[PDB]
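Novice: Read off the chains here:
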Amino acid sequence: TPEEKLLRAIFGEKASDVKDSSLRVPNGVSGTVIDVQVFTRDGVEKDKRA
Amino acid sequence: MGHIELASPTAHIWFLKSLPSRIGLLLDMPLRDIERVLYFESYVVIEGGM
Amino acid sequence: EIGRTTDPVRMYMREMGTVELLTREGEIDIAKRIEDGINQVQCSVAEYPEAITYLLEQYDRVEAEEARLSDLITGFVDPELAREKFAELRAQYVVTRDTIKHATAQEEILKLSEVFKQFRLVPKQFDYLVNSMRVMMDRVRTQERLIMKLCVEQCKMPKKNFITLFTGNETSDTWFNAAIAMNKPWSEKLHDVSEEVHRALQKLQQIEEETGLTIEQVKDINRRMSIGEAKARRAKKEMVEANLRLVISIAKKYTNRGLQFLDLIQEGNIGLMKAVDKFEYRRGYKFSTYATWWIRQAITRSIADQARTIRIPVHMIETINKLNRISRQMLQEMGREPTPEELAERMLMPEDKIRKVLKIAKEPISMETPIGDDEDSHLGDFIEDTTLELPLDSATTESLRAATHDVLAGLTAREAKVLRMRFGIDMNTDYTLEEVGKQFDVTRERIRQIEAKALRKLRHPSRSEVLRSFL
Amino acid sequence: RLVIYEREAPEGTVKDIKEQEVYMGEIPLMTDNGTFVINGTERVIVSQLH
Amino acid sequence: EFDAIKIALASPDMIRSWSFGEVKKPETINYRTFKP
Amino acid sequence: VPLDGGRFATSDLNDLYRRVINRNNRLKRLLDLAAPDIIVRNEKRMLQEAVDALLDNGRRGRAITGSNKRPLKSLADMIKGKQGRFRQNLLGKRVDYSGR
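Chains as they are written, first to last, in the entry's author numbering: chain S, 896 to 945; chain Z, 102 to 151; chain C, 90 to 166, 213 to 236, 242 to 611; chain A, 101 to 150; chain V, 16 to 51; chain Y, 253 to 352.
Mixed in with the good hints there might be a few duds.
[To be verified] Listed below are the simulated EDC-like cross-link pairs for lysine to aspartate or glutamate, each with C-alpha atoms no more than 16 Å apart in a straight line:
1. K345(Y) - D149(C)
2. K418(C) - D125(C)
3. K334(Y) - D514(C)
4. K220(C) - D149(C)
5. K334(Y) - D516(C)
If you are wondering where the hints come from, they were derived from the structure by calculation, not from laboratory data.
Bound conformation, chain S alone:
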């Protein structure tokens, strides 16, 4: 919007081309992570965790 781009011009903070779609704990529950399993397609480089 015009006000948004005026704000960007004043503060010089450019936008981000990526969207935060991270997985997060559901609201209300509080646990302890006991297991993480990573499955990867057979064409993709494996990260250090995998």
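Guided by the hints, dock chains Z, C, A, V and Y onto chain S, whose structure is given.
Specialist: This is chains Z, C, A, V and Y only, laid out in the frame that chain S set:
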């Protein structure tokens, strides 16, 4: 909305297959004798003169 | 049997079962009838000067390379041979035009027709020559209606008098000018309509100046072309009606691939009508050998275009189908479902292309699909609208338009107007540096600096605390 | 086993035999407790009274 | 605003008045770039 | 609308309208082809079937079923019943500012 220009007239099922049969009782023509015309298995005269 | 069931496929079977199949000789006889009808139509067309000159204009285009020969002729009975035969046809046409001056013109019909009938045309342009005469017949017959409507019923002229005088000459004014001293109630009343009737005859006699043929010769040939087009059509009706069972024996195989059973025996019927037009009995082959290719080509092409909501092209249908029989020939050669890497070395294409083919979306799930352990919940009850903006985000916009309204009010009227123009605030389209230069008469560069200082003021604290909460 | 007979014979001697082992589908197996793992989840095929 | 709701049959002219165009093809979206 | 995973979800009215348009276009094609009257009558019967299944499915003849092997919901089935527009969406709704 849009519309579809039908290549031939088509009866409305609500005004034909309802039990009072508005099409049937408007012409004083029984529904059994109208479904035969709509099924292309009988002819019906239309102002064929006296 | 009429009428017991609704069953629109059963009614079709009941209708089509009353025609008996053709023997090996009945097909030959019907093909001969079709050929005779088409030959009569071609003979009627080949008695027209308009077709000759049109073909000459088309060959003139070809001599200028404005058209192809293959766009005009479907073979003969060689480009250099074609050109010299066209030169011979042009020589025949010019000598016919020179000798057309009644007695010799009668023999010019039999000589010119021998040349034009030796060329085989294309179906697309041959109808144009037929349409050249169909429009010609409409214009003549339209003028024929008016003569009946302006002399018989208007002036109470007897209908038999319209046959005694008008029917037989149709060019002279025996019924127009010579029919005034007949002592009739219409003879003295034809003067009122004589102004338009004669001009209607002038339009009718202008037709005599269009093609060089009499009014009778237009109707004497069109009646032969209305029997030729009606004899070849009645014979093609008998060949299609007799072979309607051939389509059902083919269309029963493709019965559960997206189209109803009636949608297949109706797309096959269009292919059956295509085989009758192109069937040639001079090869001595059965009709079922040739018609099965056209029926199977129309049913199969129909499934490629009408079975899926999101339509994929035929060239991508022939790749999914190939991939669906290669990956099932490796099911029984390996014992388990293969992997996209192994199809790549088997189908001879990169894995990326195969991954695209396997990623083609299938038929979408109906939104009335029951999704729980009950008939209550449906798939459509869980699909949300993502095009709406949240009222938390919508009430932030109305708070930003007020926060930037007090801030701009704290600037000079010159900088509170160039900022409302460099950014489209509370108005239409924003402007560039030059477009606001004409507004204030200032140069482009200074406004860039005027705006820069306005931007500089707002970065300072005590005028930027609330603004920083919006990021 | 695929067998091709000989013409003009009701039950005459075949001309060629070809015995091959063909794979036709996978059938799920029951665990030691009467359950089936079908898509990673354990399921029970409940009996029916008809 | 309105005070009543009226219901009746629709003429072909009325149906052509409601519409913004004629739907002539059975296609929905492009399979590659999902545009209408 | 597309679901997550590359696959779409559609309404049954799309299927019914597509059937109507396919049969209407084929009828126009047959009329332009000067087909024999048995084919044209069969196509007219099929078009009359398709429209009568769009407006009210299953009332005349048998209900057309989709790939689910279930009778697809027509225009009249979206208004009637305990799960029509009147009883499920107009006389009682899901409501904000609420919890159990």
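Novice: Against each hint, give a clear statement of whether it holds in the structure.
Specialist: Quick rundown of the hints versus the structure:
For the given pair, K345(Y) sits about 76 Å from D149(C) by alpha-carbon distance, which is inconsistent with the 16 Å threshold. Proposed proximity of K418(C) and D125(C) is supported: the alpha carbons are some 15 Å apart, at most 16 Å. A C-alpha spacing of about 15 Å is found between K334(Y) and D514(C), which places the hinted pair at or below 16 Å, so the restraint holds. Between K220(C) and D149(C), the direct Cα distance comes to roughly 14 Å. Compliance with the 16 Å bound is thereby established for this hinted pair.
Taking the CA atoms of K334(Y) and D516(C), the gap is about 10 Å. The hint holds against a cut of 16 Å.
Hint 1 from the list above is the single one not met by this structure.
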